[PDB]
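> In case you want the letters, here they are:
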Amino acid sequence: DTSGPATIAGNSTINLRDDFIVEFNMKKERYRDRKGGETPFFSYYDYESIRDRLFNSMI
Amino acid sequence: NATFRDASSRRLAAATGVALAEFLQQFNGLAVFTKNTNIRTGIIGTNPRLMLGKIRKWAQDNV
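So the protein sequences, as listed, match chains A and B. Remember, UniProt numbering sits 60 above the position in the first sequence when you count from 1. Remember, UniProt numbering sits 378 above the position in the second sequence when you count from 1.
Treat the hints as calculated values from the structure; they're not laboratory data. Any given hint might turn out to be false.
What the hints assert, rightly or not - Pair by pair, the computed Cβ-Cβ distance ranges are: (1) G431/B x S63/A: 33 to 39 Å; (2) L398/B x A66/A: 20 to 26 Å; (3) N116/A x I422/B: 19 to 25 Å; (4) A409/B x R113/A: 36 to 42 Å; (5) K413/B x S109/A: 41 to 47 Å; (6) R111/A x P426/B: 55 to 61 Å; (7) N71/A x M429/B: 46 to 52 Å; (8) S103/A x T419/B: 55 to 61 Å; (9) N416/B x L114/A: 37 to 43 Å; (10) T419/B x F101/A: 53 to 59 Å; (11) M86/A x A409/B: 54 to 60 Å.
The beta-carbon is built from N, C-alpha and C at its ideal position, and this holds for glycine as well.
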């Protein structure tokens, strides 16, 4: 995509913009409490750690 | 024909020749894009048209 001006004229500061997406495929792991209980597959998953570490690497 | 009648005319022609020479001296050691004139950013270059422009400018000034 573009970011404003994009005419191709040898001198016009051709501006560009590429939109890409980064997808994590992570495995959810249920917790077991011995007493005979479990956590469903639809429980909350801590992504905040993932965003944190990804952003630190980018910075 | 009366251009080169007065000696003064001749002397003036000489004075203009030397001045034009010293002027044109600036057009040394630079490029001359003459096929795809699109002088790139950050290069000391020119093309025949810009030369003609500057020449006409100098001339019209010294009038």
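> If a hint holds in the structure, say so; if it doesn't, say that too.
Hint-by-hint comparison with the structure:
1. Between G431/B and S63/A the beta carbon distance is about 34 Å. The supplied range of 33 to 39 Å therefore holds.
2. Range check, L398/B to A66/A: about 44 Å between beta-carbon atoms, so the 20 to 26 Å window is missed.
3. At about 45 Å, the beta-carbon gap between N116/A and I422/B misses the expected band of 19 to 25 Å.
4. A409/B and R113/A have their C-beta atoms about 51 Å apart, which leaves the hinted 36 to 42 Å range violated.
5. In this structure the hint that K413/B and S109/A lie 41 to 47 Å apart at CB is violated, the actual value being about 59 Å.
6. Remark: the range hint 55 to 61 Å for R111/A to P426/B is upheld by a beta-carbon distance near 59 Å.
7. Distance hint check: the CB atoms of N71/A and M429/B are about 19 Å apart, inconsistent with the given range 46 to 52 Å.
8. Against the hinted window of 55 to 61 Å, the Cβ-Cβ separation of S103/A and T419/B comes to about 57 Å, which satisfies the hint.
9. At roughly 42 Å, the beta-carbon separation of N416/B and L114/A lies within the given 37 to 43 Å, and the hint holds.
10. At about 58 Å, the CB distance of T419/B to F101/A agrees with the hint of 53 to 59 Å.
11. Taking 54 to 60 Å as the suggested C-beta distance range, the pair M86/A and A409/B conforms, at roughly 57 Å.
Consistency with the previously given hints fails for numbers 2, 3, 4, 5, 7, ordered from lowest to highest.
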